[PDB]
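J.: Chain by chain, the residues:
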Amino acid sequence: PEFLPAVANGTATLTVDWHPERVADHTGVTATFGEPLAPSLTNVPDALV
Amino acid sequence: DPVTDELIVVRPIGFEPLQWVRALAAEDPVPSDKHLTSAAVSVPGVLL
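Protein chains in written order, with the authors' numbering: chain E, 1050 to 1098; chain F, 84 to 131.
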């Protein structure tokens, strides 16, 4: 009851606080690759999701 | 109890050390070296 965000005429809107270090500890959970590689320096597009 | 979510952000397995000890005693598969040498499970493991 009314903690999920409200639905407009067609839409549903949110305003969220974004920090760049959350992308870093996102990649630390996701990228669990082998030895020779290394994660990128730029941010990945699966962080706004 | 309250900060289990923010604690489990980091740890991949979950830090149950004594069952790992039972596993190594009974010759069961062991957690791998990266998941042992990460800090959130190492720095309590050496203290224990």
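Keep in mind the hints are simulated off the structure, nothing from the lab. Keep in mind that the hints are not guaranteed to be accurate.
[As the list claims (entries may be wrong)] Derived CB-CB ranges, DEER-like: (1) F:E99 with E:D1066: 17 to 25 Å; (2) F:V113 with E:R1071: 16 to 24 Å; (3) E:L1097 with F:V93: 42 to 50 Å; (4) F:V93 with E:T1091: 21 to 29 Å; (5) F:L107 with E:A1061: 21 to 29 Å; (6) E:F1082 with F:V129: 41 to 49 Å; (7) E:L1063 with F:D116: 37 to 45 Å; (8) E:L1097 with F:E99: 30 to 38 Å; (9) F:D111 with E:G1059: 21 to 29 Å; (10) F:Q102 with E:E1051: 37 to 45 Å.
Beta carbons: idealized from backbone N, C-alpha and C, even for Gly.
J.: Of the numbered hints stated earlier in the document, which are not met by this structure?
T.: Of the numbered hints given earlier, those the structure breaks are 1, 2, 3, 5, 6, 9, listed in rising order.
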